[PDB]
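**Q** Chain by chain, the residues:
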Amino acid sequence: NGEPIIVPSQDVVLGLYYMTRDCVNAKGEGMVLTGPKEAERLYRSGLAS
Amino acid sequence: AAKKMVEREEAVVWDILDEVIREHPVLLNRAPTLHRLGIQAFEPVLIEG
Amino acid sequence: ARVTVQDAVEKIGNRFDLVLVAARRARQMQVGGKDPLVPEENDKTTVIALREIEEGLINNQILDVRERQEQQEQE
Amino acid sequence: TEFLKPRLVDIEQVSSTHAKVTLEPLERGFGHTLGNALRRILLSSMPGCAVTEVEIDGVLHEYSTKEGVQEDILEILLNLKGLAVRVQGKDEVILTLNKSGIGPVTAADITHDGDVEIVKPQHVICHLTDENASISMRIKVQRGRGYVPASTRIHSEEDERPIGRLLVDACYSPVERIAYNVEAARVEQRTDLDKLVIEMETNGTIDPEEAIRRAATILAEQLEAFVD
Amino acid sequence: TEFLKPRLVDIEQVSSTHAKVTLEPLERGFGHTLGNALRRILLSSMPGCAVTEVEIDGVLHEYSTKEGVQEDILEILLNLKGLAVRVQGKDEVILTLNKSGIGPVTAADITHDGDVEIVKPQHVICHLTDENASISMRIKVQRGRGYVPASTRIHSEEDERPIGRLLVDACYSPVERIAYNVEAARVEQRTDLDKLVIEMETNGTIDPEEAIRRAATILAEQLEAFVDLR
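Chains as they are written, first to last, in the entry's author numbering: chain U, 495 to 543; chain Z, 396 to 444; chain E, 2 to 76; chain Y, 6 to 233; chain G, 6 to 235.
Any given hint could be a false lead.
Said to hold, decoys possible - In silico DSS-like cross-links for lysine-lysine, where the CA-CA straight-line distance does not exceed 30 Å:
| id | chain 1 | residue 1 | chain 2 | residue 2 |
| --- | --- | --- | --- | --- |
| 1 | G | 200 | U | 521 |
| 2 | G | 145 | G | 10 |
| 3 | Y | 10 | G | 95 |
In short, the hints are calculated from the structure, not lab data.
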């Protein structure tokens, strides 16, 4: 079937699910960011979950 | 002399192996090779172990 | 082509003709000692021939007229 | 009992604001030590200056709207936060920009003093729809270190500022992203070593190796007390 | 640049082995950085002396036995691998243990020299049961770091091995457990400072301020490659 066989499987999947899911009012919600670089700087600094 | 130089395992033999391996693939078969993608060829990297 | 040869596939048209012409070129480099026209950056003859075809200094009929040309200037 | 000193083998300079400091070889489990120490210092401790407060006419809080502009004041706040300024002598400079006419307003349009300058004059601020629209903002620049956001800024402040003052996140530290890997290098007998690959992308006002050297000498002068 | 510098202010010894140490004052955010860096260095790279070669008389290989003792020779080699020695001057010494008579063989029975100090006088090794039994082993104590095992040392040894030099694995690191805490510092004019409370657990042979000084020098000389060259 033309559907790819290199699919992430169970651990990459748990990690990407935990990345792209969202809570309601966790930490520093409602901020405005220039982009992914500033957002990842925020997360690695710990000021926003 | 080549046989005994390999069976003595010198550092020149380790360097020569590191040069031989470079972009020369190997086929990692797994049996039971049921479907077509049970044989795939990878460019090996050297590890101990 | 050192990770994916799909550029050489688009250059040739077919995987089997890619393997055959690259094998022809690699045999010419290992037997005849002809110079690889791309800088080699310490690589083997197969990936060098794939990189040659991937750049575009060699196709099947290009190698054919090249071998015929060196044949007629040899004879 | 002698340790392996490395050689800095590569600065692959991708752009003027990009680097990749390939670095090899270190003792087993030292690449993570150096990388994590430099990363935390470069994130939350490196000194520098940027815009903190701005007073704009026509607005009363962060959710109003001035005329003559396509973008809104959240967008002017965000594009203001993206501006990288450097202050040489003082540490609390207020700047004021006024723009009228058909066209976008860029960073070169600002009025500057002798002590301040713009590292990217073509960095956009906003755009203007009306030729009669006269935008005006009083841009204050403090100088701190690291990152302090407007949320805990408004939690920490208590004095009643005049209506029209706007808070923004203070990107004091000049780096935008640092993220490393640790790969595995080989000295001819021991394969257990490890090679550092530090990636770094900054704004203007600095050269990534200058930021790395600054963080390293910050940590060395911090640990300078109890050594031999 | 409004930074400060820390000092070792109070060094309390809870016991001879388990001992905490403060650090004061640290800047804002630096606490977890210095704590994790000193943890990784203090667990990986400390120098400590350990048992390397054990030479018992009349015993060929380590899987034999001997009449008179209770613990077998592999048990003796394990109980000797747990030993905690502190030498001062040399980097390679040879001790001697000779004892006869019914009763256990402590570590306090080793006829020690002047510059070696055995810091565990209740470390048991053997349990001599026969009064006509004797045991005369000659230990060899090197000094290094990390973990170097018997397989790699038999490969790397260029010298010959007489039958009797039993090779014991080398657990060189004398640090076993280390935890740091970032409290709130009690600074009379600053509230944004913190202290680092490193809680070491040593082998008894290493002095904690000396260990912290050596780990700090290791970190500084590693960072000099970043400081000087680019």
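**Q** Next step is simple, just say for each hint if it's right about the structure.
**A** Going down the list of hints, with the structure as the test:
no.: 1; hint: 200(G) x 521(U); in the structure: 26 Å, holds
no.: 2; hint: 145(G) x 10(G); in the structure: 43 Å, violated
no.: 3; hint: 10(Y) x 95(G); in the structure: 26 Å, holds
Of the numbered hints stated above, the single one contradicted by the structure is hint 2.
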